[PDB]
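Peer 1: Residues per chain, in single letters:
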Amino acid sequence: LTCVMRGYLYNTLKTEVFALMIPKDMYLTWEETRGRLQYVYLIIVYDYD
Amino acid sequence: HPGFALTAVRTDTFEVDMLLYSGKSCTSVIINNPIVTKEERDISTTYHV
Amino acid sequence: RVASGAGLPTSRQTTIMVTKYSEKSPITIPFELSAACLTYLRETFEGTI
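Residue numbers (full-length UniProt numbering), protein chains in the order written: chain B, 146 to 194; chain Z, 1029 to 1077; chain R, 99 to 147.
Hints listed in this document are in silico derivations from the structure and should not be mistaken for laboratory results. The beta-carbon is built from N, C-alpha and C at its ideal position, and this holds for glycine as well. Be aware that a few hints might be false.
[As the list claims (entries may be wrong)] Under 10 Å between C-beta atoms, here's a sample of chain Z residues computed to sit facing chain R:
1. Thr1041
2. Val1044
3. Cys1054
4. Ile1058
5. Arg1069
6. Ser1072
7. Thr1073
8. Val1077
Turn these sequences into a full structure, and let the hints guide you.
Peer 2: Right, here's the structure in full:
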């Protein structure tokens, strides 16, 4: 697998540009209306049950 | 009947076509040639005129 | 001005000076091109049909 450390995800000719896939139950959004640019975070939260 | 007689106020909005008259050379407009500005990315470049 | 008859106050000279000013209202429209368009515009790979 070739993986991207810093950049966009695209073909050899940038003829197509790939998206990042998030499984639905893992997706979070916290504002009613989003601003133009939004940053993506990965959160791991521990429950002490 | 309660012992008062209230008066109601409301505004209705009407959708209107306008007609506008203006005399010959009533105002003078001065313009420059449009200036083009680049912004560069890996996947697309955008031009602002 | 109009000359006055007996008993009525004669009208004095006046000089009235006014100034007017301009206004500004720039406009902007963008257009954008994809990196594949920029690649294929310049580059001719092997020259096939």
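Peer 1: Would you mind marking each hint as holding or not holding in the structure?
Peer 2: A quick look at each hint next to the structure:
1. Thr1041: With Cβ-Cβ at 27 Å, over 10 Å, it is violated.
2. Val1044: 24 Å, violated
3. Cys1054: 13 Å, violated
4. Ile1058: Since the shortest Cβ distance to chain R is 8 Å, the answer is holds.
5. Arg1069: 8 Å, holds
6. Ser1072: 5 Å, holds
7. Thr1073: 6 Å, holds
8. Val1077: 6 Å, holds
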